Amino acid sequence: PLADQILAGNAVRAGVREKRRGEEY
Amino acid sequence: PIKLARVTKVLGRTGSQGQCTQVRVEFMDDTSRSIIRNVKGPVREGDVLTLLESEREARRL
Amino acid sequence: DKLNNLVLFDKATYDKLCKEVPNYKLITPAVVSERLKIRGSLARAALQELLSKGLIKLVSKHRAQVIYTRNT
Amino acid sequence: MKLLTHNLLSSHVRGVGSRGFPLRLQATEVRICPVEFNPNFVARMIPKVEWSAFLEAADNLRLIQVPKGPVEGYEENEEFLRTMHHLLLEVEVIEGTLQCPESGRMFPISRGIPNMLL
Amino acid sequence: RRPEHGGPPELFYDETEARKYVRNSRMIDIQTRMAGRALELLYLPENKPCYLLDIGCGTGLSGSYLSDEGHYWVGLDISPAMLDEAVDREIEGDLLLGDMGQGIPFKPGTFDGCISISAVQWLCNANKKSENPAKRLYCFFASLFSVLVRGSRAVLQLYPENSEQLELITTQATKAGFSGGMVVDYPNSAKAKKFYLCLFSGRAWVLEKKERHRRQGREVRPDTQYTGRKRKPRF
RNA sequence: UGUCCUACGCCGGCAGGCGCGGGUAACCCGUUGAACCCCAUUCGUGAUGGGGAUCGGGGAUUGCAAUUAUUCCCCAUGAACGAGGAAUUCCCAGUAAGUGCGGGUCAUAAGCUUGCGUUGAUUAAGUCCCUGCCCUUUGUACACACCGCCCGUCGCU
Ligand SMILES: Nc1ncnc2c1ncn2[C@@H]1O[C@H](CSCC[C@H](N)C(=O)O)[C@@H](O)[C@H]1O
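Protein chains in written order, with full-length UniProt numbering: chain A, 18 to 39, 47 to 49; chain B, 8 to 68; chain C, 42 to 113; chain D, 1 to 118; chain E, 6 to 207, 249 to 281.
Honestly, the hints are just simulated from the structure, not real lab data.
In this text, a Cβ means the ideal position worked out from N, Cα and C, and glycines have one as well.
The reader is advised that the hints may include incorrect statements.
Some chain D residues flagged as far from chain E (calculated, every beta-carbon gap over 12 angstroms) [what the hints assert, rightly or not]:
| hint | residue |
| --- | --- |
| 1 | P67 |
| 2 | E72 |
| 3 | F80 |
Where chain E lies over chain D, by a calculated footprint (3+ residues, C-beta under 8 angstroms) [as the list claims (entries may be wrong)]:
| hint | segment |
| --- | --- |
| 4 | 53-62 |
| 5 | 94-106 |
Work out the full structure: start from the sequences and follow the hints.
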């Protein structure tokens, strides 16, 4: 859709990215 | 005139190096105006922001 | 420029200490030497003189920082 | 600010290119800075100096006692060259203004450097 | 990191940065060391005092090197703090305050040469919305080409951060009519790699047939030393 | 850590000597009395009681042998260095960094590589802009390629 394509080109993608970084007895 | 705004939700991080995040804010004097802004540093929901000029809506791809 | 701070009190500045330094609201070896233009060796040696004469209250004693105060 | 400098200065305004030269001078303090005399320098700066602007600027600087014509030589007229060495490279304008003809923009001297900014 | 990341030159070179620039042992060494190479790089005749332009003079270290070699000069700089330090050092030449992006305010055909030591790369970044790097570079070199006399030379030392700033300076330089090149001293070193814009105003045929037959898949004789050799003269 | 680690007594100011013991080792070194750290004193913005190079004279130890100083100690000399125009490394929590302590090489070096504890944070929980690597589509832009100009003027044999 045109409005979907415009709004995708106006906002920023976000979300999925997994960064793997980094007592009883 | 200085203006205070409370964020509502974080849209995502923008910029070439991801040095900013884009967040939707709502005001304190009247909870009707909702403009979109760019901020740098760690931002979460409920933060209160000091906007120097509350006229223009920020934009980046 | 270069500092030529005096190492011993002359007659003019010695009077200036004994009628003005016990009314600053803060007396310290380092703040005395900036304004009276004396070495810090005498800037602390002049204050133990004033402490023994009872013109100054002591606030803290430390090897790094010494803090002094007016009487009233 | 040397007398040789403004006599080679112009105006960098976009509208005035390139007929803004010369600029009017004013002074309220003048100091004298001694500069080493090289006869090879001034001899090849006489063809480059514009003399008509030099008279009126000395007229702005209230001084009249100048050579009225091109003092060109083979470094032999020491009496003329030292006087203009006093004129060109030794009279300093400590405080004053510049007047642009076609814009009227101020360029104030403040001890002793003019500013040519927007 | 780099000084250009700090901001505009008028605010970065403030009063406190001007002091520690003067008493900077590395700065006193290398600023005059490059000005020695840069004055030597414009091939001006010896035993002849010339009138030079010190664009981006700053403290006047490069200005003092000209005066000690018997030349005369004027300096143009944008920050008043580095100009105040130049006055206190009792320099010889004249000093001018202004931005080289707005134009050099002299009559055409004035200077016998222009000297530049680490001032140029401050134009590749624009820290105001009114400022544009392309127009500020062009307004510099177009005004420089007017003011420099014909046949003279301008030598420019600059500190590029990537390959794009070298390109973007060069195309603006060559569009104003300058001709010359880039002089890189020690082009493959690190500490001594200095950039200088110098600018001035004017049998085998048998083999391919065998391999073509090899492509066609037919049986061929193996490639050896005796492939193309005339056996004997032909009568 | 070790049969080379050392305890203790005596002598010299120090490097260092003489004697006598423990330990093949959760048994002796060793309650491993480490350094930064902590508390008092002197110094007082001064190339200074910061900094220690480079030197002069002497003493002691290992070695067949110390000269071009093996190493260590004492007294004297007190250079540059005033936080580094600009190239670039490593790093996300007991981590970086400050600080000391130990094994392989080793008649004696200290100098490489490895570890260990102690004091202990600023920033970040992201991005594909720079660099490098790996996938998908494609060979449509540029370049290659094709066609053209292929620099002109006069002068004699
Ligand atoms: N846009 C601009 N126009 C004119 N001068 C500028 C400028 N941007 C930066 N500069 C000047 O460039 C200078 C760099 S400091 C280097 C100056 C000289 N090499 C010296 O060491 O003495 C600064 O003084 C700054 O004032």
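Hint by hint, here is what the structure shows:
1. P67: 20 angstroms, holds
2. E72: 17 angstroms, holds
3. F80: 19 angstroms, holds
4. 53-62: violated (count 0)
5. 94-106: violated (count 0)
Checked against the numbered hints given earlier, this structure breaks hints 4 and 5; the rest are met.
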